[PDB]
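Following the hints, position chain S against chain B.
As a plain string of letters, each chain reads:
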Amino acid sequence: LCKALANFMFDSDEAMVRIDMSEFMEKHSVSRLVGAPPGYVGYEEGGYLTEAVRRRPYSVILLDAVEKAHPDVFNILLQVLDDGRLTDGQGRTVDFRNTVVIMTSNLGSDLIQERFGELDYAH
Amino acid sequence: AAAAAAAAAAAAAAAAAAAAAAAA
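These protein sequence lines map, in sequence, to chains B and S.
Numbering-wise (the entry's author numbering), the first sequence opens with residue 614 and increments by one.
Numbering-wise (the entry's author numbering), the second sequence opens with residue 1 and increments by one.
In short, the hints are calculated from the structure, not lab data.
Accuracy of the hints is not assured; some may be wrong.
Ranges of calculated distance between the beta carbons of each label pair, as one might list FRET restraints [unchecked claim]: (1) B/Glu636 <-> S/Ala11: 48 to 58 Å; (2) B/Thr717 <-> S/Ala17: 33 to 43 Å; (3) B/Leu720 <-> S/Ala14: 52 to 62 Å; (4) S/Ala14 <-> B/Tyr656: 12 to 22 Å; (5) S/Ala14 <-> B/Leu614: 46 to 56 Å.
Far from chain S, by Cβ distances over 12 Å, these chain B residues were calculated [stated by the list, open to error]: (6) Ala617; (7) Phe623; (8) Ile632; (9) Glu639; (10) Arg667; (11) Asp677; (12) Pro684; (13) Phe687; (14) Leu690; (15) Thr706; (16) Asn711; (17) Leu724.
Ideal placement from N, C-alpha and C gives every residue a C-beta, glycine not left out.
If we strip away everything but chain B, and leave its shape as in the complex, we get:
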């Protein structure tokens, strides 16, 4: 479905940014996507996610396997879904006002396979 949105929007599946969150099962890969502060190693490169937006802001940002990562990666996306703002390691804001954020998991898959029958969509 995410590749279907990318194909609808951009005439291509991989004209997008997929960042699979199973790679980020530790905490500190927050610094992989938002960058590193002044002083430290990868300062002059930027975060991957912020630069990948900063080229082509009208895009689709995909997060997959969201149950794999540590729970406190998701202060970054608190900023993101509050204002579309994100501040990389050099300290400039990156506008996410033209982005779509999709997060997938398999949380209640036992419960969904158990009770999708004989139940409404709502409850």
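Just chain S now, kept in the frame of chain B:
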């Protein structure tokens, strides 16, 4: 009767930059 002109003689220097590292 020429006089040797004193020059301007533009120069050059450089500067490195360290990088610390966390150690997890």
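Structure-based check of all given hints:
no., hint, in the structure
1, B/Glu636 <-> S/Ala11: 48 to 58 Å, "49 Å, holds"
2, B/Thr717 <-> S/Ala17: 33 to 43 Å, "41 Å, holds"
3, B/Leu720 <-> S/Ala14: 52 to 62 Å, "55 Å, holds"
4, S/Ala14 <-> B/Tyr656: 12 to 22 Å, "19 Å, holds"
5, S/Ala14 <-> B/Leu614: 46 to 56 Å, "53 Å, holds"
6, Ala617, "39 Å, holds"
7, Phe623, "37 Å, holds"
8, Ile632, "21 Å, holds"
9, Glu639, "9 Å, violated"
10, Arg667, "23 Å, holds"
11, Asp677, "25 Å, holds"
12, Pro684, "19 Å, holds"
13, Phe687, "20 Å, holds"
14, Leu690, "23 Å, holds"
15, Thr706, "25 Å, holds"
16, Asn711, "34 Å, holds"
17, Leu724, "37 Å, holds"
The structure does not agree with numbered hint 9 stated previously, though it agrees with all others.
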